[PDB]
Amino acid sequence: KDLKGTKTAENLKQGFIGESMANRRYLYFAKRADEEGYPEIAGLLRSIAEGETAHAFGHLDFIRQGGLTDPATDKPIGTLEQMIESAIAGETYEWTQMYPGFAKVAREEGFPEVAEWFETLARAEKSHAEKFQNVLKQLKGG
Amino acid sequence: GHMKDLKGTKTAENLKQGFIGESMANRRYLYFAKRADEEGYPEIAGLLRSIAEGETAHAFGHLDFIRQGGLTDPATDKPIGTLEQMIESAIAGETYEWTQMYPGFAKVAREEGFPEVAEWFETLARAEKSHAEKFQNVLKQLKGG
Ligand SMILES: [Cl-]
Ligand SMILES: [Cl-]
Ligand code: NI
Ligand code: NI
Ligand code: NI
Ligand code: NI
Ligand code: NI
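From first to last, the protein sequence lines stand for chains A and B.
Quick note: the first sequence uses PDB author numbering, first residue 2, plus one each step.
Quick note: the second sequence uses PDB author numbering, first residue -1, plus one each step.
No wet-lab data here; the hints were simulated from the structure.
One or more hints might be untrue.
Straight-line distance between alpha carbons at most 25 Å, and here's what the computed SDA-like set of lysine to any residue pairs gives [claimed, not checked]:
1. B/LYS2 / A/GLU110
2. A/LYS14 / B/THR74
3. A/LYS132 / A/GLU120
4. B/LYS76 / B/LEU28
5. B/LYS105 / A/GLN15
6. B/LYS8 / A/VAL106
7. A/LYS32 / B/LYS8
8. B/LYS76 / B/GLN66
9. B/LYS14 / A/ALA116
10. A/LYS141 / B/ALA50
11. A/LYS32 / B/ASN135
12. A/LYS8 / B/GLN66
13. A/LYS32 / B/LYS138
14. B/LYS76 / A/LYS141
15. B/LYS141 / B/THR70
16. A/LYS14 / B/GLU51
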């Protein structure tokens, strides 16, 4: 059956978001176990994080096979070119809108160090966008 | 200045949203890299994997500001200051997933006529239950000394 417009389409999206966060969280936690001398705990966090990678990738497989869009950008991700276009769209949103906006709010609320971080990130995502744009030119132009 | 209280601020909400987006970016770019791999684009795949390391650094930095600002884990709304608290956050999210989120997703998938997706969600419910048990075993290690 067609997944478009179903609740299952939404649940694959929110499964993807949670899986993505779980992998990042567990690898961040592992580095604390590392410094404190808990190699078995760190190893378990790393191995379970591989599980969450598998989960996230499986959600994306169903999304792509179903003709659903990228959770992050609402752009198709069927072909490699589409995947690069999805990357460009996300990076563009981040540098032109999201991170500058976060920076302005941080400065206005009295958090200059957080604002500086968001402005670093905006410059980083702009750099990423440019790099991906150069890939798209290669792919689209053969 | 790193320990300024962020509770209640719009900046707290923005750090959480930034962490979500960074998390997804790393997963997406490593997924895309595998498509570039099979098709024979190693420079594209390598760029995707290197940019993914950037998004790891971003995500981890967001987590640093979240913890230092006295904020909670974006995924679980639990404190993640100490290692013990980090494992308790892992257990809380695993518990939500196996007791509620994935079983509910599987029921809706079956109702909507997606039995293959339902089977996948059921597999994941069992997986997150196994993860919860293994983290519970570790926590008992930490608290026992
Ligand atoms: Cl250990
Ligand atoms: Cl290449
Ligand atoms: Ni998972
Ligand atoms: Ni980026
Ligand atoms: Ni300070
Ligand atoms: Ni980023
Ligand atoms: Ni899990």
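To see whether the hints hold, each was checked on the structure:
1. Between B/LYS2 and A/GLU110 the CA atoms are separated by roughly 11 Å; this keeps the pair inside 25 Å, and the hint holds.
2. For the suggested pair A/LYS14 and B/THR74, the alpha carbons sit about 18 Å apart, so the restraint of at most 25 Å is met.
3. With a C-alpha separation of about 19 Å, the suggested pairing of A/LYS132 with A/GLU120 holds against the 25 Å cut-off.
4. At most 25 Å may separate the alpha-carbon atoms for a hinted pair to count; B/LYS76 and B/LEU28 exceed this at roughly 28 Å.
5. Between the alpha carbons of B/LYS105 and A/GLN15 the distance comes to roughly 16 Å, so the proposed pair stays at or under 25 Å and holds.
6. For the suggested pair B/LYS8 and A/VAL106, the alpha carbons sit about 7 Å apart, so the restraint of at most 25 Å is met.
7. The straight-line distance between the Cα atoms of A/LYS32 and B/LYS8 is roughly 28 Å, outside the 25 Å bound, and the hint therefore fails.
8. For the hint pairing B/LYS76 with B/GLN66, the CA-to-CA distance comes to about 14 Å; that is within 25 Å, so the pair holds.
9. A hinted pair counts as satisfied when its Cα atoms are at most 25 Å apart, and B/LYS14 with A/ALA116 qualifies at roughly 15 Å.
10. Straight-line distance between C-alpha atoms of A/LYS141 and B/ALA50 comes to about 23 Å, which keeps the hinted pair within the 25 Å bound.
11. For a cut-off of 25 Å, the pair hint linking A/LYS32 to B/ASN135 stands: about 19 Å separates their Cα positions.
12. Between A/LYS8 and B/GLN66 the CA atoms are separated by roughly 37 Å; this puts the pair beyond 25 Å, and the hint is violated.
13. Only pairs whose Cα atoms come within 25 Å are accepted, and A/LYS32 paired with B/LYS138 is accepted, the gap being roughly 20 Å.
14. Between B/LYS76 and A/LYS141 the CA atoms are separated by roughly 46 Å; this puts the pair beyond 25 Å, and the hint is violated.
15. As the CA atoms of B/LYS141 and B/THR70 are separated by approximately 21 Å, the hinted pair is consistent with the 25 Å bound.
16. Among the hinted pairs, A/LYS14 with B/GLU51 is consistent with the structure: their alpha-carbon atoms are about 23 Å apart, no more than 25 Å.
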